[PDB]
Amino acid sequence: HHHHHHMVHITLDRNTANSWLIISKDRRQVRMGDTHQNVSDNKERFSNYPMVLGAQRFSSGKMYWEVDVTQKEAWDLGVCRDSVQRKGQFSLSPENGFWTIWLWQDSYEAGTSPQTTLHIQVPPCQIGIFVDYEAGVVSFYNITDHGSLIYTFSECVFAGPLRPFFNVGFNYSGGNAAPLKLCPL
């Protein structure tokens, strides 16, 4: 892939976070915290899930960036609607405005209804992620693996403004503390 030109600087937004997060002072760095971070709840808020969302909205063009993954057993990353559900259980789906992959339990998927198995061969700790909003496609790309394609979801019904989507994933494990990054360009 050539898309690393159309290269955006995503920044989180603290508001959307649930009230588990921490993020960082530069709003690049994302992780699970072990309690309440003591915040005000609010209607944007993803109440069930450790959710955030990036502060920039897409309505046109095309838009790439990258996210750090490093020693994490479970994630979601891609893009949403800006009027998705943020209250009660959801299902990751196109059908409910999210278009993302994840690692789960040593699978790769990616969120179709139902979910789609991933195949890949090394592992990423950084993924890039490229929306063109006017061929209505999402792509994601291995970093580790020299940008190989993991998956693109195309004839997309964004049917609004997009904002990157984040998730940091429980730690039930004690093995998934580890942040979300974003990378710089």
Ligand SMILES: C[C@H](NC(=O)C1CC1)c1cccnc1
Contents of the next structure:
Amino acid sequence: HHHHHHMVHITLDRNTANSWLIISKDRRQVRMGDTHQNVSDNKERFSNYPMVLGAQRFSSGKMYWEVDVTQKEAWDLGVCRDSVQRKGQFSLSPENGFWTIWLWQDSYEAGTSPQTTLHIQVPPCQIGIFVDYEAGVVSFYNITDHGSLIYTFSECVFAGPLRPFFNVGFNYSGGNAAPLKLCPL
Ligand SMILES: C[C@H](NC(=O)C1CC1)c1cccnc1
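Right, and the form deposited with the named molecule bound of this protein, after the form deposited without the named molecule?
Full assembly next; the chain just shown is listed first.
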């Protein structure tokens, strides 16, 4: 692809993090802690899942960023409305304000309702995410495979400001402790 010139410097917003996450000092890496991380509760925190938002809000333009997923067995990535539900159980869908892909149990899916099987021959170690606000597009690219297209959500109805969205996943297996990292420009 040719989206690299729309690169934006994303940072994680600690206040939105599930209370078990550890965000690095530079706000560019997030991972699940061993226990709870000794923060007060607030209405912004995701309660049920190991999720966090980027600090940046987008309401126009074209934006691009990259995320490192090396070693991980499970994660969700994409964008979401600033006003998505934080508490309780919910599915990742455009109806609920999410435009996401994921890895789970050795398969890659897009967060449509119902979910859509992705066809990935080269397991990605870094994912590129492109948003065109005006066009209503969110696209995902396999950086490990020369930028090949993974998935395009088109005809998106954002209906609000967008924030970068992350889920590091649970670590019941002991094989999913590695971080999500925002990769340098
Ligand atoms: C407490 C624990 N935390 C981790 O494993 C962190 C090191 C990644 C845990 C337990 C069960 C499911 N997910 C996570």
